[PDB]
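Asker: Residues per chain, in single letters:
Number of protein chains: 2
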Amino acid sequence: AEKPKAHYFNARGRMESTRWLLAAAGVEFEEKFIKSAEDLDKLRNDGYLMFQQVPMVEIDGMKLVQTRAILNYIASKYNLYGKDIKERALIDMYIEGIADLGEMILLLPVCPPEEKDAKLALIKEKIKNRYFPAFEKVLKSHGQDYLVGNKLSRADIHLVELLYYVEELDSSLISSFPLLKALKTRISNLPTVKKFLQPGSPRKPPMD
Amino acid sequence: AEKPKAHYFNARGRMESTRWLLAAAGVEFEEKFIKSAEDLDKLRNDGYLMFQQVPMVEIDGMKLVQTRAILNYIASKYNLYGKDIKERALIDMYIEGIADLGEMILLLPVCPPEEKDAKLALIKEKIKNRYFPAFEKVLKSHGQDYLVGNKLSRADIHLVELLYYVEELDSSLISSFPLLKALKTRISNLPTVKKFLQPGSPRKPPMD
Numbered sequence: 002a003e004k005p006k007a008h009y010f011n012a013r014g015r016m017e018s019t020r021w022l023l024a025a026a027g028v029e030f031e032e033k034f035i036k037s038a039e040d041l042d043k044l045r046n047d048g049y050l051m052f053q054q055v056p057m058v059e060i061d062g063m064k065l066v067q068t069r070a071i072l073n074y075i076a077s078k079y080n081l082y083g084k085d086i087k088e089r090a091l092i093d094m095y096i097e098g099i100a101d102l103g104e105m106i107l108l109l110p111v112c113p114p115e116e117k118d119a120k121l122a123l124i125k126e127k128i129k130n131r132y133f134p135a136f137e138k139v140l141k142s143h144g145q146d147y148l149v150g151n152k153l154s155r156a157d158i159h160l161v162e163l164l165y166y167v168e169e170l171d172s173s174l175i176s177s178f179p180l181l182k183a184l185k186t187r188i189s190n191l192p193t194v195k196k197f198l199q200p201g202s203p204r205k206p207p208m209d
Numbered sequence: 002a003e004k005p006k007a008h009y010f011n012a013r014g015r016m017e018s019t020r021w022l023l024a025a026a027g028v029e030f031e032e033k034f035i036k037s038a039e040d041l042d043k044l045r046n047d048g049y050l051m052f053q054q055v056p057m058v059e060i061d062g063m064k065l066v067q068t069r070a071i072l073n074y075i076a077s078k079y080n081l082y083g084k085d086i087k088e089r090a091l092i093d094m095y096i097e098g099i100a101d102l103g104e105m106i107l108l109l110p111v112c113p114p115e116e117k118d119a120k121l122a123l124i125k126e127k128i129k130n131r132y133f134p135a136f137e138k139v140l141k142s143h144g145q146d147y148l149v150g151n152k153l154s155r156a157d158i159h160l161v162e163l164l165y166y167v168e169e170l171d172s173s174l175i176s177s178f179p180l181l182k183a184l185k186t187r188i189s190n191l192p193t194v195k196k197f198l199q200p201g202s203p204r205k206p207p208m209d
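From first to last, the protein sequence lines stand for chains A and B. Okay, so the first sequence: first residue is 2 according to PDB author numbering, each after it adds one. Okay, so the second sequence: first residue is 2 according to PDB author numbering, each after it adds one.
Honestly, I wouldn't trust all of these hints.
[To be verified] Straight-line Cα separation of at most 27 Å, BS3-like style, residue types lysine-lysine; simulated pairs:
1) A:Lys6 - B:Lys87
2) B:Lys6 - A:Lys84
3) A:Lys87 - B:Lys4
4) B:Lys196 - B:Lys152
5) A:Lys125 - A:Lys205
6) B:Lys33 - A:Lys152
7) A:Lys87 - B:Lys78
8) B:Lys78 - B:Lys33
9) A:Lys87 - B:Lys6
10) A:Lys129 - B:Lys64
11) A:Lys87 - B:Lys195
12) A:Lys78 - B:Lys43
13) A:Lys152 - B:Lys87
14) B:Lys152 - A:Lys43
15) B:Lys43 - A:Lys127
16) A:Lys78 - B:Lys196
17) A:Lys205 - A:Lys64
18) B:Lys4 - B:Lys33
19) B:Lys43 - A:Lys141
20) B:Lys87 - A:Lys43
21) A:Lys4 - A:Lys205
22) B:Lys78 - A:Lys78
23) A:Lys43 - B:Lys138
24) B:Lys84 - B:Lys195
25) B:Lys138 - A:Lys6
26) A:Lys141 - B:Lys64
Please keep in mind that the hints were generated in silico from the structure rather than gathered at the bench.
The task is simple: from the sequences and hints, build the whole structure.
Answerer: So this is what it looks like as structure tokens:
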């Protein structure tokens, strides 16, 4: 009967995409926040962390670490990973590009200050030139409401999460992609995601 | 069966782990080498690279990009991804930890010659303190010949490939881990992997 338990810092970091996915799935979960280095040593010393790191999620009697391992398990368990191996391949290709873009945005605060300007420019170029056009093309190719299989999958969730982060970075970047704008609205208006986006959910704020 | 066709530089890089997995699965595949900037421009312009990047593999009607996407599909198609959602979860956790360590080694040649001694040292400390102990513990916990489900999976293949790279870095690192040494020998002796390690295969040499 035990709800999934997510162990991380009280912050977005590498746990946030899991919070979105669980919420979009309608899954009830607890969080246990790491507040001290003592908290983190105790997880380690208890053997909770296969590679000594968080995020870790306790779910269905496993102690899963590695964001991709957590997410793949959630996605399959809740029917958000496509109908078969070939839909899962499209999903994977899409969401690994999202992950590549997300990683650049995620690590930007820790970019060497003398590299920061150039890096920001390069990031926005890739959004405008590489990533946003790729996803708009997928959407234009089939004219369907969802990225894959005409049904909600983790790819729609991970993409719309990413679109919120790009909006924080620069709200003009999505301007010229109306199908992306339209997906953002539809997905944000799904009861589970609409509730997640409202004040009070486990959704975490940006880092200062 | 249209043979899968892998597009990459004639080099290990980001395609090497897919050549390992394909070869281990007994799958015959063709390669097409990118030799110049023009060669890559053509693939981009031709609409073959979803995110304008290689590796890309033509398989089963798809133009799959993103290493993880490419390998998840191959692993599922050739029954190297465990037999269920929970064995997949253990595989993903193991192989994501493998990718983290392997990413570090992969990028070691392209960092600044002063952030290099410290970076080499840190990699060695992670190998001896974090990664090899984790994998040794899995092998010792069941005593079985393979990481997961008592049967070859992509995890044994990804791990043993990484053991070859750790050996090129420092052949002393594996010395205190007798079960990883036994796995490397056993896996290297399977018919398909023995063939891959012998001359004249798609296996690629270190860069220089």
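Asker: All the hints need checking, so say for each whether the structure fits it.
Answerer: Hint check:
Between the alpha carbons of A:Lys6 and B:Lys87 the distance comes to roughly 17 Å, so the proposed pair stays at or under 27 Å and holds. Note on B:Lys6 and A:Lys84: the hinted pairing holds, with a Cα-Cα distance of about 25 Å set against a maximum of 27 Å. Among the hinted pairs, A:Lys87 with B:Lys4 is consistent with the structure: their alpha-carbon atoms are about 16 Å apart, no more than 27 Å. A threshold of 27 Å between alpha carbons decides the hint, and for B:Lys196 with B:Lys152 the separation of about 20 Å falls inside it, so the pair holds.
With a C-alpha separation of about 24 Å, the suggested pair A:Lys125 and A:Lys205 falls inside the 27 Å cut-off, and the hint holds. Between B:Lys33 and A:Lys152 the CA atoms are separated by roughly 35 Å; this puts the pair beyond 27 Å, and the hint is violated. The straight-line distance between the Cα atoms of A:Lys87 and B:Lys78 is roughly 9 Å, inside the 27 Å bound, and the hint therefore holds. Restraint check for B:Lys78 and B:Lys33: the C-alpha separation of about 22 Å stays at or below 27 Å, so the hint holds.
In summary, the hint linking A:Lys87 to B:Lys6 is supported, as the alpha carbons are separated by about 17 Å, within the 27 Å threshold. Only pairs whose Cα atoms come within 27 Å are accepted, and A:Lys129 paired with B:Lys64 is accepted, the gap being roughly 22 Å. Between A:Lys87 and B:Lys195, the direct Cα distance comes to roughly 30 Å. Violation of the 27 Å bound is thereby established for this hinted pair. Among the hinted pairs, A:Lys78 with B:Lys43 is inconsistent with the structure: their alpha-carbon atoms are about 40 Å apart, more than 27 Å.
The straight-line distance between the Cα atoms of A:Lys152 and B:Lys87 is roughly 24 Å, inside the 27 Å bound, and the hint therefore holds. Simply put, B:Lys152 and A:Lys43 have alpha-carbon atoms about 34 Å apart, too far for the 27 Å limit, and the pair is violated. A C-alpha spacing of about 19 Å is found between B:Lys43 and A:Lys127, which places the hinted pair at or below 27 Å, so the restraint holds. Distance restraint check for A:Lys78 and B:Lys196: the Cα-Cα separation of roughly 38 Å exceeds the 27 Å cut-off, and the hinted pair is therefore not satisfied.
Note on A:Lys205 and A:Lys64: the hinted pairing holds, with a Cα-Cα distance of about 23 Å set against a maximum of 27 Å. Of the pairs offered as hints, the one joining B:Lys4 and B:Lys33 holds, with about 12 Å between alpha carbons and a cut-off of 27 Å not exceeded. For the proposed pair B:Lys43 and A:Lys141, the alpha carbon gap of about 23 Å is at most 27 Å, so the pair holds. Distance check on the hinted pair: B:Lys87 and A:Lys43 sit about 26 Å apart at the alpha-carbon level, within 27 Å; holds.
Between A:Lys4 and A:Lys205 the alpha-carbon distance is near 20 Å, which keeps this suggested pair within the 27 Å criterion. Taking the CA atoms of B:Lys78 and A:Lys78, the gap is near 20 Å; set against the 27 Å cutoff, the hint holds. At most 27 Å may separate the alpha-carbon atoms for a hinted pair to count; A:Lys43 and B:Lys138 meet this at roughly 19 Å. Restraint check for B:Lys84 and B:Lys195: the C-alpha separation of about 25 Å stays at or below 27 Å, so the hint holds.
As the CA atoms of B:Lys138 and A:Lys6 are separated by approximately 24 Å, the hinted pair is consistent with the 27 Å bound. Annotation: proposed proximity of A:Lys141 to B:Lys64 holds, straight-line Cα distance about 18 Å (limit 27 Å).
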